[PDB]
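Subset of chains shown; positions unchanged.
Letters are used for the chains, namely A and B, taken in the order the chains are written, and counting of residues starts over at 1 for each.
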Amino acid sequence: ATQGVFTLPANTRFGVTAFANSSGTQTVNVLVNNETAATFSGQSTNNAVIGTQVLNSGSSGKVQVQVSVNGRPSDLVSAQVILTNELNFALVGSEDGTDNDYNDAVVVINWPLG
Amino acid sequence: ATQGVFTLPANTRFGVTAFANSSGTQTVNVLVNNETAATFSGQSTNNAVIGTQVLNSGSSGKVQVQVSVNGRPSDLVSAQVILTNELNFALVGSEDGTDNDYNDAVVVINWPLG
């Protein structure tokens, strides 16, 4: 099934933050309304943040996360969780190798902000 | 119901990160086996990542998140989600007022690391 794609409310601000846990340099692309809106790049084997930014969900609200290492796409796992019918988390895990810990690049999208 | 309490696998390293979205200064305490192991604080209405740290769950694996503003405990909401039976996220939201956005202090705990 498709992973890393989330429908957020339209024209709404959201936070996107990426953490790295791999020997490989992670490249996290965030697409909004089918256009690259942000790109984070970094390396860490200790969960360091490699990027955090506030973006706008665009006209459709479609937000997609893609992760690659040196141009090679990582396999993704994702889900959205809503607490007290109002607080949203769009979560993404990614695997750049074969140990399947899926934490090589961990991406957290949260809204609302402010 | 109790919120902000999570049982992690024993003696496991995990990351804990806090975000702020409020006019009030947030203070986040992370307890391991009932004793504070990390504290973050900051003031942002733009999702600033006010703190992050790597901790060890210890023999009990018990982790609890508490959020306060000016010495007043915020109301918490939380849940744990596991992706592909391996990637874990312990999520916490908090409300320091009455506008019910529950994002005043958002905390994300993730494991495994590395």
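Throughout what follows, a contact is a pair of C-beta atoms (placed from the backbone, for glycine too) under 8 Å apart; a residue touches a chain by one contact, two chains touch by 3 or more.
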item: Number of copies constituting the complete assembly, 2 shown; value: 4
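We take it that only the chains that are shown with their structure count from here on.
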item: Euclidean distance of C-alpha centroids - subunit A vs subunit B, Å; value: 19
item: Touching residues on subunit B, where the partner in the complex is subunit A; value: 15, 17, 19, 21, 45-47, 49, 52, 54, 77-79, 81, 83-84, 86-87, 89, 91, 93, 100-103, 106, 108, 110-114
